[PDB]
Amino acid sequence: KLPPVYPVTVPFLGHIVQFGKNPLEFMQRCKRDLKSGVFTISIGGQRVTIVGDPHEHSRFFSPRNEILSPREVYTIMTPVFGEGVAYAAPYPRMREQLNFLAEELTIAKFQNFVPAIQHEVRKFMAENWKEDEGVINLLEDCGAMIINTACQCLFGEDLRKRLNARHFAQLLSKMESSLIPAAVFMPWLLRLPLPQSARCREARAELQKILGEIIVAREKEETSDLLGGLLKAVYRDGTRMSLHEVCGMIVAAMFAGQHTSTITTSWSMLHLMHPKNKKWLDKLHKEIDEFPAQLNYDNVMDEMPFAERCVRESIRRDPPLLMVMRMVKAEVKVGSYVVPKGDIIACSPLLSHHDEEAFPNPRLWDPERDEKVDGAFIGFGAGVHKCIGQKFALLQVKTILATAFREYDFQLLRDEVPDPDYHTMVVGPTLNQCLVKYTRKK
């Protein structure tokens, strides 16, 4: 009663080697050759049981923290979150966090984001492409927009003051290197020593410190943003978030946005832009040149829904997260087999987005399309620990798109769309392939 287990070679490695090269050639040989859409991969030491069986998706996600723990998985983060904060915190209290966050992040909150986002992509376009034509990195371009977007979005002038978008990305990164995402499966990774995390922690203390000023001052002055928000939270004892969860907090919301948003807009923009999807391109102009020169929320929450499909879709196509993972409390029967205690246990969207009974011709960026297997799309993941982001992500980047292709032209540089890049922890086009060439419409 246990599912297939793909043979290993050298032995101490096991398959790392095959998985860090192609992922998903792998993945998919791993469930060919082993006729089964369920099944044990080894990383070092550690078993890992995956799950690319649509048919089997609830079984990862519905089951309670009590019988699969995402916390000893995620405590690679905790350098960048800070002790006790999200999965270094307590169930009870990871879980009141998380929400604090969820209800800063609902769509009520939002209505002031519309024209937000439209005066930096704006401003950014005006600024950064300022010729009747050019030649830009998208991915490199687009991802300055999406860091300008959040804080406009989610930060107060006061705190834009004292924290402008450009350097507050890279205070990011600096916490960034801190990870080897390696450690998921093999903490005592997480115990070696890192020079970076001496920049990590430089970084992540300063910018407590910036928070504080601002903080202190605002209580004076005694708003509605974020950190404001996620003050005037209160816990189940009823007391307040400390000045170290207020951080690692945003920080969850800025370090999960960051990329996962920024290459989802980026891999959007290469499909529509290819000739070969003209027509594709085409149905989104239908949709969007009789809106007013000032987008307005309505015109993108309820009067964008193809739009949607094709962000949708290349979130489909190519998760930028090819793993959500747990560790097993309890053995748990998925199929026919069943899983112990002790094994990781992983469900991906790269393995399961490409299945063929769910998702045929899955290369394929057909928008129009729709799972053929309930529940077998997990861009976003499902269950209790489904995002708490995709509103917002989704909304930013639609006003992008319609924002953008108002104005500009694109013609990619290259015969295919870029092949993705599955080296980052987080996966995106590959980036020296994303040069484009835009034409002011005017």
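Residue numbers count along the first chain shown, from 1. We call the rigid core the largest set of C-alpha positions that still match within 1.5 Å between the two forms. Compared with the form deposited in another entry:
- Once the core is superposed between the two forms, every option in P193, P305, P292, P275 stays below 2 Å in C-alpha shift except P193.
- Taking 2 Å as the criterion, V427 does not count as shifted between the two forms: its C-alpha moves by less than this amount when the rigid core is aligned.
- Fitting the two forms on the rigid core leaves the C-alpha of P418 displaced by under 2 angstroms between the two forms.
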Given for the second form:
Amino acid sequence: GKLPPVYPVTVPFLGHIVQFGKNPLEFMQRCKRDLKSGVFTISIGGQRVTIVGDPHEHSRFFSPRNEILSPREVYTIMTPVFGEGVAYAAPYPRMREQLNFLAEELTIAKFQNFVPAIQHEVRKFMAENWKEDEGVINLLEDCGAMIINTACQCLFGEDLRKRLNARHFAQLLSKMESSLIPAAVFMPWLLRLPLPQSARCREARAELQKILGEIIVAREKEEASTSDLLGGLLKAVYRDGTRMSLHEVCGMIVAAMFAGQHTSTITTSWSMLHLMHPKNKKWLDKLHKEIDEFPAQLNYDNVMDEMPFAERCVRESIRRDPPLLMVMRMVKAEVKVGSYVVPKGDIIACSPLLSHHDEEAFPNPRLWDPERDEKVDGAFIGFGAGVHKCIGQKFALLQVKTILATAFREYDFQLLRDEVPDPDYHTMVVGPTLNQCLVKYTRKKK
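Can you give me the structure for the form deposited in another entry, which would complement the form deposited in one PDB entry we have just seen?
Here we give the lone chain, stripped of any partners or molecules.
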């Protein structure tokens, strides 16, 4: 085998994470240029990280099975929050079955009544918060509130929402996030030591599990028709003929809510931010034309089948600013990538950021252009690819499209600074800088 070339080891401890939090794109482009190779290795905290930064080789990265490019070792930071024996922390066979059970709950087939539930919360929100003829809001925080409120209406039954509302859900997820050390992907030794915040999060999730249990007992003693997410997952049956444990169900619900909270929020925000920008009026007008073709009450078919332009807007906002900068796996057995082999124990990564800004794939990559197409097949990896592709993608897109169509139909927006906000690359999920997201809404003439 030929090893990819290697950026030589630097002295500050985890110093490359600082660069990755400040200018990740430029850092990776430098690595690529200096070593004259799209496939290259860096060393972070003693751990080799090999980045497939050539769009043409995406298939090598996304094809292999979890047994061989495993996500388990790279997501050890998440075990306290989701639970032992849940998702990435489960043996491979159970892992695959659990993920699939969640994927089954979020198929287009399961979305009956979701668009009206979403429209209802959004309208409730706009009437509570956007009351005036005119007013100033933080668009990032309000999208975030709408994402959690709308997800909770779609996924959880009324009895569940009565005991556990979106605000409590939001707090719990936010507390959990605050307990993580994202750098510890490169500090596996740390995660073997006792961490107090870890015990705290497990009690928090155990409290959630208690609520969930009480709900099931109450539903079981009043029935004659549990087709919400909780209900669906409790009815799943593994290949061996057993059921998921409530522990496992609770964990998968947390993971689903945790996954969508920032990614979908960010995507909504960027999309709305580009569309209200004056130099994009042409695309806004185009969006209104599409929306006005439709009544007030939307449905699944309108949003998902009959809004191709709104789709290009959302996709191109994920293209330009992907909220997850890296997809990563642990190499469990060595793998070929072009003329190279990437050895076992390496972390192998593919970067939606680096790849969405490749000039060959996306000519003039700093331009937000909803009409563009990829020049390289598979270079859009906003939701990953292959067999492990985002299983929440259709649910996320339904939410974002519905919120977009409801909001722009009822309100005009103006960004209260000249340029679109800069991404803030310091956070785990990357989105627009919070203090640059002030916007003025104006209620449209009824």
